[PDB]
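**Student:** Below are the chains, spelled out letter by letter.
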Amino acid sequence: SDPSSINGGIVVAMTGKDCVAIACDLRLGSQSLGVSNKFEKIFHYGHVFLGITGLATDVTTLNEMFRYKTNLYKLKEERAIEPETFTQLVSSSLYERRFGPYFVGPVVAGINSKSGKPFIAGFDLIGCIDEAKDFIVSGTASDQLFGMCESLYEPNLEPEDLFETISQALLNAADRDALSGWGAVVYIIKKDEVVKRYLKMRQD
Amino acid sequence: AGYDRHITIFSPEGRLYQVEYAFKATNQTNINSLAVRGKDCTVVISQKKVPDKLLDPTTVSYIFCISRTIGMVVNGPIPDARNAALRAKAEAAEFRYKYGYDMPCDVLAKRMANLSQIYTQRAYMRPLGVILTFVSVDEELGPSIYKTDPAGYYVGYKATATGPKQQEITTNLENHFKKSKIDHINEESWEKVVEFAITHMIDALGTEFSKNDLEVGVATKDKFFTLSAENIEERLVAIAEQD
Amino acid sequence: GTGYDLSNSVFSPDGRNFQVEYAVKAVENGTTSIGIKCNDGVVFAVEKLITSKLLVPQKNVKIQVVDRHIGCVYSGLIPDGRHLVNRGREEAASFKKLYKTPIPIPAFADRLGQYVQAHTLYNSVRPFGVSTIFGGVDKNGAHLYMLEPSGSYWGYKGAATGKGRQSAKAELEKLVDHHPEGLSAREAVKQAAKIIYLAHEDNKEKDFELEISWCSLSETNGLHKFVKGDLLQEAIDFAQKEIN
Amino acid sequence: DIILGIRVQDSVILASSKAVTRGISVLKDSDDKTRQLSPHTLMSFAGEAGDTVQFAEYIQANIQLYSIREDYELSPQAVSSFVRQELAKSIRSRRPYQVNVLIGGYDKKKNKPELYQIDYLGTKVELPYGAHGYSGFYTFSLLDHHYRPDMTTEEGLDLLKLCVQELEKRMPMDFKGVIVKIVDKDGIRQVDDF
Amino acid sequence: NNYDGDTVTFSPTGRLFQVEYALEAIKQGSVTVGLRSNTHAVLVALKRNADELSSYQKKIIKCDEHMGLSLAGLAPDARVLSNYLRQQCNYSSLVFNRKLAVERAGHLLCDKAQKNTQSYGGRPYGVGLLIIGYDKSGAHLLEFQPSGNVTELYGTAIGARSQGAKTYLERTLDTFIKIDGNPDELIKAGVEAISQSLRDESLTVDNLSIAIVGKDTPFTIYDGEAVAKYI
Amino acid sequence: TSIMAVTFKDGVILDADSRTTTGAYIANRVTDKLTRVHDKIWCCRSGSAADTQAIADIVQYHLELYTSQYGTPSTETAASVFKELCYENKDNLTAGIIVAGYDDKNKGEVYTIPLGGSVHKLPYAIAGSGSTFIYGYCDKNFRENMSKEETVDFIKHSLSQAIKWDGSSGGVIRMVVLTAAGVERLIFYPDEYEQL
Amino acid sequence: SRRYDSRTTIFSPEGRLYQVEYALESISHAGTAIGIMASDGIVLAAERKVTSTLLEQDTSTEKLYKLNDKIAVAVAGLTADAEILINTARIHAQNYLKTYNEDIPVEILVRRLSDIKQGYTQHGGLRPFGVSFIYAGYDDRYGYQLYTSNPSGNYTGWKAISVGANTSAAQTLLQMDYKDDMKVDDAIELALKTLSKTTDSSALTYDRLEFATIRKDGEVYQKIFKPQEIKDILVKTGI
Amino acid sequence: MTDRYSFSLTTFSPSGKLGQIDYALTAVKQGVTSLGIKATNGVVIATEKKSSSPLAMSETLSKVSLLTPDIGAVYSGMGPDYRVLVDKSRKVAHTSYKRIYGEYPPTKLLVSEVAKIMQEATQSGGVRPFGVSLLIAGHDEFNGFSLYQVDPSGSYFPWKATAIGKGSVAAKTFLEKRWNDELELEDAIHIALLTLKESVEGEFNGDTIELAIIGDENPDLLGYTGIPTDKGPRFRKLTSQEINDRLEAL
Amino acid sequence: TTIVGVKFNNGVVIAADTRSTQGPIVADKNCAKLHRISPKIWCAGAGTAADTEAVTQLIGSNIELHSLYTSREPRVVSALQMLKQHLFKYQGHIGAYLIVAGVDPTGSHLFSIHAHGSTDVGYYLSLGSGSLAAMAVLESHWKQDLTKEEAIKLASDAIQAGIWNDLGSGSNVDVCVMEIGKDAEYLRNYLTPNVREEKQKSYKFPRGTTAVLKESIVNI
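Chains as they are written, first to last, in the entry's author numbering: chain J, 1 to 204; chain A, 10 to 252; chain G, 4 to 247; chain K, 1 to 194; chain F, 4 to 234; chain H, 1 to 196; chain C, 3 to 218, 222 to 244; chain B, 1 to 250; chain I, 1 to 220.
The hints are simulated quantities; they were obtained by calculation from the structure and are not laboratory data. Do not take every clue at face value.
Below, simulated SDA-like cross-link-like pairs (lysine to any residue); rule was C-alpha separation at most 25 Å, straight line [said to hold, decoys possible]:
#1 A:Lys62 with G:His181
#2 I:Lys201 with J:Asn112
#3 J:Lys38 with K:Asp150
Given only the sequences and the hints, what does the whole structure look like? Please build it.
**Tutor:** Structure representation (structure tokens):
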């Protein structure tokens, strides 16, 4: 009945010391049935990462939309879209269909190439900018992630310490959500490099 | 091909001839008018020529009450003048409805001047051969005179005159403002401002006036109104009384 | 002035719209129609030229009623006048539907003026080849108006158009001079017939039929009605008697 | 309603039931629930009575129109991306296409088989083996146990026999066997002794 | 002259040449005569054929049991106007159960014909029509012109050489207007009138066409052998 | 609510309470339910607040546009404009209106436009939820051509009982007196009318 | 309004489209643009027509545009008209990626714009686009491709082409020196040598030059040269 | 009655020139002179205000207008076209960019939208080109201070310093001598006034001259406090008093 | 949500809490609920967070364009008219309940707009789940001729009542003070009565606690 709960999945973003982390589970399913263990939900449009949870068809549609929009933005602007600007691009795009909305919760994460400060922002299915300085959660297990992230997270974590915190928050929240799991991917986003890591987790 | 003189497109000199000819259409009624600003009122004086004995002088008017506060005196053919008046009345009412407050005189001049520009760019639409002089006492700017022309140009005025003898009237106003060294007629009541405006219309045109030769509109706070023939007669009597 | 007169929306170097001026030449070729404003109403009269005996008398009515209190008489291109009056009937009905009151004559005159004027704006349309004398009685008295192909209109004490306009206007001026206190509706009907007969002296080559109409507060209770029967014949007799 | 697909080392094997049921009785027991989109791309479909064939034939026309226009065969990835877009457009249209498709093809430029599962919502996912509806409830446990990427076409067919036998044993409905087609480097062929 | 190129141009003298040219198309058509008494209205039409191997093109059209018309000029325009007239007569019956008055029917054509004489893109209808009908006001006869002018007449003629027939009707006006309750005597009067418009030919069984409508007579057209007795 | 309009000798008086409720909660207890659609034409609004406010805004725009073109409208014209909006959208706009106005020729006029969208000219009109409790009182006590003082006393007694018995009516009593002398606004607080 | 219509979309008595011929004449007065396809890349070079010491060469990108991560175009003729077509080309390239999830083939993109140009040439009554394009791009099918299209809507594939002013002289010079087996670095020289000879000014300088290349991580890169980079190669090439 | 000018009134002549564009550019040449100078820390756009009559209140007619808080424009040519064109530019700055990206467009993109509007009039049916050339000065965080000229044809170019209108040839020659890559904004205003002083024929004072600058953000013009990320408009009109003060030191 | 507006002797002050909830979960603990329509016209929205943000952003755009068109400081009435007409056009589907307050050349104004397009004038207003709790404080303590300090205290005290007594309201108090003669001052996080206490233990994992399958470097 609820489109956002058909396919499951979860995305979490955390901020550290001049670094951002965004992680997601790799499960795609049809309610109880798990279909794919390689359905990545985090997409990047330069140095800005977008994690979209919710209906898998809308996640795919919005990826091609924001790739279409960010590709045209860089041709006209001759520069990559910054996380703050992209956050409003996502917000407006989701609101443009207030009455035909996508059943998706996106999570923007990135580092402003000019100011260099970490940025993460959250959204509803119709585009309410939930800009947070600490962490953002989305998906079926948002309840689990909120309590899990709210306890483990502490300000100014180093990139190595941020990976342990976000990965542990994701794995333990995913373990308590039926529709989330089948592996997870963690991006550690720094001003100079990005590291992508696949986590070992329960396959049930 | 001589298209450039028949539709609003540029000629080799960069001129829109059809717009230039629309200016000639404004003087075809041979009616002179002037507008002056008092301390708290704006007065429009316009000649009223009714050579035909069968006409009803009550209906021969070139001053239009666009809104409660905005008035307009048009120079040019009456059919075009009434076209602009109806559009101005519609614009002012729509502005009040959309934005919740009475349309300022300057905004209406801008809105009506933007329409005149469209006729000057679209080849489908011809320019209106009228010059619109909006007068009011704005809630913020006070007394206001804004004159729009067929080219889409408009600007505020301290005092303005229009018609074949516009140059003659303007020099008289220019000299008066030069000597007084002020931007408005320094009178506290509109009856004295009306008498002032009529006096220079008489002096500038060098012609005696009767109550039937003038049509007068007065813009005050929260009201614009046109004086009747009997009300104009009282002003003429005062002028003949030298006070 | 040639070159600038082949299109409808074009200003000539003098600012004159020649096509509208040529539309006026169509009016001046039409049969003379007049309108007299009496102290409580209006009276309309039109000369109907009898092209041949085969025209059935009294059927080719040329005065038109709009709603129930406005009467329209015009000269020039008769089809254009019917087109204009058809619009007035639509404008009058629309006003009554929205505001529930019969359209005031000054309000009606503006509705027609905007329509006639709109036909001088674009070169894809032609100006009206009619001058329409129209008027009636409304909440605040009687009104008489006269449109021109340019869309110009004014209120008139007495209006005349058509070929005999110059002749008729002379007697209309005499009426206002002789009767500044206001002419009565019944006397206006008699005077209207006399003026049309005198104006017909410009069209002596052909016979004509006089058609009169009028709208008075006292006599029609403010509604527009035609002159017929005894009252028409008294006007015809008076007009002939003055001619003779 | 059975639509199965298994990608093996050198080819893609698509199996689809032969039965057509309309209410009380089985109208046909030899239906082919597939359309050849390209010489090396095959599409199996399942869903509502009329939507499956109207959609499949509409997709086939566009892929054929592209091939004639550019004189070039779309890759299976591009075809699946095109097919997913139409399903995504329809799911939120006046009358959605309730069609679930499997797109198996051979990419002649990467020289690799490709299997794509797209449901009526427009959820495209590439799998080693796919199934639509409840047909995947009975078969995934076998495929998860026996599938290996390096199987030959003969081993893949042997694995489909096990998957079909399990469907016959436990699924209440009688789907009248399956038609099996293999998409290989040489094109599309049908296995008749299955 | 350059003022006759389109229907939205006045000439320096106020004339609409395109409308005048449409009126000239009627003068090329064959003569058709219309006349009426107080009880009956009659249309007499001379029909013309391209060649003596050709049939005579029909001139009378039926719009109701109580209304019909003859045409002169562009026959295709007559079909457009006659179809429109049928719709208006049709509309009156369906919505009001009221037979469309002939006068009102004429004004509806006047309004439609005028539209083509004032806006660019269209052309005037190059056809003149004689509309006869019987309603609760008696018999009627209307002459319609491309300019939109519609006149109600005792009798008239349109088409080539129509002046001869029209002149005859004027002299005979005092006579045929009194032919009440005698349908066949009106037709004789009309046939005698149209016979004044014949230049180098005589009326024949196939050439002539007649129609009549009256108090009890529904609109009937007499062609071929039916008009054998009136010739 | 409880809205009321009473014609009297010198003109017409519009009156209403000030309470608007969303269920049991009084969202605003000092609301002004008397709306000016023209200089001497005022209306009372009952029913949906959004619909009545939208209609009043549109009617004011129409009468403003009417005045610039056709002179000052009459109260009948204002009610006619209300009818078109209320009737042509009767399936959507749940609005019941009382229109009262003054003009020199007709003196005071009152038009009630109930939920259906019909228009009725009345000597006095009462509407709103609280009006049902004063149908008997107003009928027994209303008189033609009362003075301003008698009408105000009559209205105060009428609304005090409508306020007394209706939960969804209360607050201050706001009156607008339309006469040749101009528009006059009066307000009566509970301490003034509650112990009548 | 019929009298003021110029009848844009009509044939001449000898079967030519007048406005398309006049549009081409307009392009012949624009700055020269050269495209050379090498074995390992494509070179797009253009000559700025408007030039002054007060003009900002650093950011005045007016003839070389990027349509995609793999395609670029050099423009000759009305700059305003081109940017209208440039944006539709960019949108179409992204629409193709959105639909097929692959980069648009160069020919498909060229065909779409040429269809847009042809449309104005056959219906609608509007004047043709007065712009000629040189498309340089890469795709998996044909590799490096160089196309040109003109207001008529006709497009052709080329190994080396020039559009704009002095095309006859530029083409003749390219015929003399173009070798099929040449590298991009040789194409860098040939493009500059050809422009330096057909340029209408006294000498060719970095301020007058727009310059870009497409070349092969094993992935095709697009480099639109910055003014200092152009100044460097002009010295290296010896101009 | 319908619009029947669906055809283009601007067409190629046999010589390749578009007649209407060339005539539109002529109207700019007889236009009043306007110029802009790009400094290291700002842009100055200036023009003189020739009054239709001494009774006209020239303060009510601003030839320099704000498009976005950081972008301003001045024109030469036909005044009415600039007014409607500015109205379009302000609208498109919101509908096309701000309402999507949440921030005002950079100068380059806003100039592109303005150029698209002018180009549309150069090819769409039943319209003439805008008879105005705009000098659009702006600032953005990534491209810095920039100055663009937009022509009736829709072509736009970036300029270090430029002048358009009646005295453009003389002004541009003067600007070439004076302009250098080390100018500060206070020096550009001095150069702008000197260049404008040559062009003006009548009175040269703060009332007959109109200047605007893009420079440091003006938090005092922001209108509110409490959001540090909001720093205020960079576009500022110099009032007649400010100009008159600089004229005394000219 | 708790939102209040309090008109005082020389202006108007609007305050709001900063908690945003998705059902029973607190999605954002420091959401900014006071939105600008123009420099001196501000809006506070309850109900759906997206519509309130989006509706004000659309009207704020039109106010700026209209201000540039008319060369005048925006009227609070213009915002109210365009805001209510927009909401009415959508027949209440845009669930934005708004308190719009500001100062314009005609004085200080305070209106509330409901999702269906109805508006009311008031000297003190409240919206959100905490409206009844906040209105209890406003009714008890509001008085004519409040000074700027009394109004800010009253507005904050009213918001606190909603914070403490309403589950849907909490965290911090946002205050914006708009006075007729001077600029609007946005006091973000005016009061922060709900600062979290120190945790009992530190949950810093030792590096290497997480099991990893593969590691990669992503190109930008």
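**Student:** For every hint, state whether the structure bears it out.
**Tutor:** Cross-check of the supplied hints:
no. : hint                   : in the structure
1   : A:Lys62 with G:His181  : holds (13 Å)
2   : I:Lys201 with J:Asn112 : violated (33 Å)
3   : J:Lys38 with K:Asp150  : holds (20 Å)
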